[PDB]
Each structure stands twice: as structure tokens, then as C-alpha cells.
Amino acid sequence: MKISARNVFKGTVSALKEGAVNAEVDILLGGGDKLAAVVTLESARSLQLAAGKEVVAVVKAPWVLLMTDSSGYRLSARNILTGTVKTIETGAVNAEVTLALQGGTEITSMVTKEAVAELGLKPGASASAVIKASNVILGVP
Amino acid sequence: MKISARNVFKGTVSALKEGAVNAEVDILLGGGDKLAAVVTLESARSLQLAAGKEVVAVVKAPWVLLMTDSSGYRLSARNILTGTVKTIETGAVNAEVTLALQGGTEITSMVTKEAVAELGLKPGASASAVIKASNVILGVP
Amino acid sequence: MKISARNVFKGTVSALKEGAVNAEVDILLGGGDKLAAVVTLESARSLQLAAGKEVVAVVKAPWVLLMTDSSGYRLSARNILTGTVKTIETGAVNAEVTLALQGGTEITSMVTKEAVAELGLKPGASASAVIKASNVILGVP
Ligand code: MOO
Ligand code: MOO
Ligand code: MOO
Ligand code: MOO
Ligand code: MOO
Ligand code: MOO
Numbered sequence: 001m002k003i004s005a006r007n008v009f010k011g012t013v014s015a016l017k018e019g020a021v022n023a024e025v026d027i028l029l030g031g032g033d034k035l036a037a038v039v040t041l042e043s044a045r046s047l048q049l050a051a052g053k054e055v056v057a058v059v060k061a062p063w064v065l066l067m068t069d070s071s072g073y074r075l076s077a078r079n080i081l082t083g084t085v086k087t088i089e090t091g092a093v094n095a096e097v098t099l100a101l102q103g104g105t106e107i108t109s110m111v112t113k114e115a116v117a118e119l120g121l122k123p124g125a126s127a128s129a130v131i132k133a134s135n136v137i138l139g140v141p
Numbered sequence: 001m002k003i004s005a006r007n008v009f010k011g012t013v014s015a016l017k018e019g020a021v022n023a024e025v026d027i028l029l030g031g032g033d034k035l036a037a038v039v040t041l042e043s044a045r046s047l048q049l050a051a052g053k054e055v056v057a058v059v060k061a062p063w064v065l066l067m068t069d070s071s072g073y074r075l076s077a078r079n080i081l082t083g084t085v086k087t088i089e090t091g092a093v094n095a096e097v098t099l100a101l102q103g104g105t106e107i108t109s110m111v112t113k114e115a116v117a118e119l120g121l122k123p124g125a126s127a128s129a130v131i132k133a134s135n136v137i138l139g140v141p
Numbered sequence: 001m002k003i004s005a006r007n008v009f010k011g012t013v014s015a016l017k018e019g020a021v022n023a024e025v026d027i028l029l030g031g032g033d034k035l036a037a038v039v040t041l042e043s044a045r046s047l048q049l050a051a052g053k054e055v056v057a058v059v060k061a062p063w064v065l066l067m068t069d070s071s072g073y074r075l076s077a078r079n080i081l082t083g084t085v086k087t088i089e090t091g092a093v094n095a096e097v098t099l100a101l102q103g104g105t106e107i108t109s110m111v112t113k114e115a116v117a118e119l120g121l122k123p124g125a126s127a128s129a130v131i132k133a134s135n136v137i138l139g140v141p
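Residue numbers (the deposited numbering), protein chains in the order written: chain A, 1 to 141; chain A', 1 to 141; chain A'', 1 to 141. A prime marks a further copy of an entry chain.
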């Protein structure tokens, strides 16, 4: 696909839970990682989402938070993907951070320049990408 | 309204589906286009949303993806608005892209500078704005 | 926590409404302000959210809209926090705006540079931060 989102992950539906107006879709990524997404029930049905369906998960860079220390907090954001900072491209007030994940999957996040300083992000650094389930778009081939 | 969101569209509710905690609102835009939004049920009731109600849909620029080629994928994002690139304002790491839609409605998206290069966006270029239903705020006059 | 989100608010759950796949959580902030969040029901249960639980609400800067005049519109976005512009850091195409709220809580928003001009934001200026309920992550200690 030619889409602006910097994150386009391939995977397979491992389970679906249909709600009233939304549906929760659990996805197993190409390399061990798991994601959850909430999409409208009309999309889950239109896309024919079911266990075993191959899909792509699409996440824009400004929808990914970065965390270097949870400090014992447990978050509601269902998607926590841990890796190492690969590249940092700094702009004026924002910076594009790409992390390398387990298996070689990369994830890019757009965060303020002040976050980069405060978390100590630099190539090599451990960090986790955090993505709320409602910020994941799914796609079917 | 004096609000930072760059996209404020006028329209009318064409249908409402009330869920348990959320509600799906389908909107017909001023010129042919359609949108779907998911808002809390408490807001749908507080705003008195019903078929025929005039409303505004509010979308911040960083919530709009741009796509130039779906490559046969079908996305869950309910809102796909196709047009032509009007203006590009490039910053350091991000760029503000405005598209002109059918009827003359404009939509602005904030994407990384690398997306602009990779999709070949430039004034005149065909592209679609993609917005997940959960990233639309609605307003009533 | 060491997390990129610029907004991390402490508060207590004042009520919870469980849906089919999502749950709505109403939170009373440390100083008078209130927030609503929509998270998956699986998270609400995993985090053991109930009335009186102390939590943190996490919101990234690009998820906060700024409004200086509603012009009589009522929005669906459940979280409207009013204060005064404290600092503005301008980048190339975006600018980071921090507002000081009632009690001394600060909230930072990332908006286009054109929004800053158009709303007349500058230190001292009245403005409200607007955050859709689905853009709030919750955390438990
Ligand atoms: O659509 Mo982007 O380039 O991930 O902000
Ligand atoms: O349960 Mo979440 O905070 O919507 O990923
Ligand atoms: O509130 Mo904005 O200027 O669409 O990012
Ligand atoms: O059905 Mo969606 O929530 O527009 O991806
Ligand atoms: O993760 Mo942010 O974009 O620095 O609030
Ligand atoms: O009811 Mo909302 O989801 O804060 O627009």
C-alpha cells in the first residue's frame, strides 16, 4: 500500500469479539508480538474478520507513545511493543523515532523533542511503543 | 468556531446506532461525501443526535492519513475522502498537506516529510484522506 | 513514569460503565476538573477499575485540540479543560502550546502553527483544551 502511516504490520486475526457498535480484534503479528484493535462492528463485518484471517494493522506515527520506564504502572493501552531505538530524526519541535522490535519489525513514533531528551532516547536505547487499541486501523488484502 | 482542528465539516445526521457505551453516527456531508463517527452514547444523547440533525464533524490534522494507492486492500477506517493535493507546507520532520475534495471541501492532514516523498504528493496529485471513525468529534449548533 | 506523552494527570475513578467491548470511565482530577475515558472492557477489568480507584490519565500532545471560542457549539468531546496559555514553543509547521489550568495542572497540546495565529494564542490568553474520550489512556499504580 502507498499510505502515509509509517507503521503497517502484517498479521493474522487470533480472535474477534463483537460488541454493539464496536468490535475488538486480537491479532498475532508476524513475529511473536500481539496487537488488539477496536474498529466499528460494521467494519469487522464488512471486512469479514474472523479468526485466521490475514490482515494488516496500520498505525500513524503520532498515535504511538514511547515509554522507557513504566515505574510499576499498568496501562489500559493494549499494545506494548518493546525494542531498541534504531534511528532518530529531529525536526524543530517534534522528532521521528524508529524502534527495532523482536524479529526485525520496526515501529516509528512521532514525539515532541522534549520527550526525546527526557526519556534519554538515542540509537541503542531500550524503549517500548505504546498504542491504544482504538488507534489501530485494520486492512484486508 | 475558533478551534485548532484544521478540519471542520458541516453536515446532517443520516442515521444513528446506539450501543452500550458508544454510538455510531453516520453523517452526510454538505457535498455528497459521507462520514461515520463513533462518540460516547452519553454525548449522542446529550447532543440530541438524531437523523436530520445538522452537525459539524471536527478532525485534527494529525488524525488524517493520506493514501495514494490502496493496492486492493480494504481498510476498517470508515472515512475515505478522495481528491487532489492543493497545497503542501513542509516543516522540518512533518508537512501539512491540504486536499481539495468534491464540491470544493478541503481537508488538511499532517504527515511525516518522508510520507510526502514516498507517496509522491505534490499540488495536483490524486490522494485520499483516511480517517478512523473514532477520531471524529461531532458538534451541534 | 518515563513516557513520551506530555500529559499525565492523577485522579480517582468516580464511576465506571461497562459496555460490550468498551467501558466508559469517569475520573475526578486532583483539582476539580473531570475527565471521561473510553478504554476496552478487557482493560477496565484487567486494571480492576472501580469507583474510588486512584489512576493516571495519559494524553499525547497531538491528541489535544485547543479552542478559544465555541461560538455556541456543543461538542461530543467529553473533556473540556479551560485555562490560560503559559508557554508556546514554535517549530516549523507545528507548535507546542502549554496551558495552566485551575489548581495549577498544566496541559500541553501540539497544533499547527496556523492554528496558533488564527486563535490568537500567546502567553496569557484564555483557551480550552479539548480531548475526545477515546484518546485517553488510563494507568494504575
Ligand atoms: O501518516 Mo504519518 O507520516 O505516520 O504521520
Ligand atoms: O483498552 Mo485501551 O486504553 O482502549 O487500548
Ligand atoms: O489542532 Mo490542529 O492545528 O488540526 O493539529
Ligand atoms: O471501523 Mo474504524 O473504527 O473507522 O477502523
Ligand atoms: O508522546 Mo508526545 O507527542 O511527546 O505527548
Ligand atoms: O463522546 Mo466523545 O468520544 O469524547 O466525542
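Think of the hints as simulated: they come from the structure by calculation, not from any bench.
Watch out, some of these pointers could steer you wrong.
Since the list can't tell identical chains apart, any single copy or any two copies may satisfy a pair.
[Said to hold, decoys possible] Straight-line C-alpha distance at most 27 Å; calculated DSS-like pairs for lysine-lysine:
1) 17 with 86
2) 113 with 17
3) 122 with 34
4) 17 with 2
5) 2 with 34
6) 17 with 122
7) 53 with 122
Evaluated hints:
1. In this assembly of identical chains, residue 17 and residue 86 lie within 27 Å of each other by CA distance neither inside one copy nor across copies; the values are 35 Å within and 41 Å between.
2. Taking identical chains as interchangeable, the C-alpha atoms of residue 113 and residue 17 are never at most 27 Å apart, the minima being 38 Å within one chain and 37 Å between chains.
3. Proximity of residue 122 to residue 34 under the C-alpha cut-off of 27 Å is restricted to the intra-copy arrangement: shortest distance 25 Å within a copy versus 36 Å between copies.
4. In the homo-oligomer, the alpha carbons of residue 17 and residue 2 never lie at most 27 Å apart, since the shortest distance is 30 Å inside one protomer and 33 Å across protomers.
5. Taking the shortest alpha-carbon separations for residue 2 and residue 34, both the intra-copy value of 24 Å and the inter-copy value of 23 Å come in at or below 27 Å.
6. With identical chains, the CA atoms of residue 17 and residue 122 are never at most 27 Å apart, being 39 Å at best within one copy and 41 Å at best between copies.
7. For a Cα distance limit of 27 Å, the shortest separation of residue 53 from residue 122 qualifies neither inside one copy, at 37 Å, nor across copies, at 36 Å.
In terms of the numbered hints stated before, the structure departs from hints 1, 2, 4, 6, 7, listed from lowest to highest.
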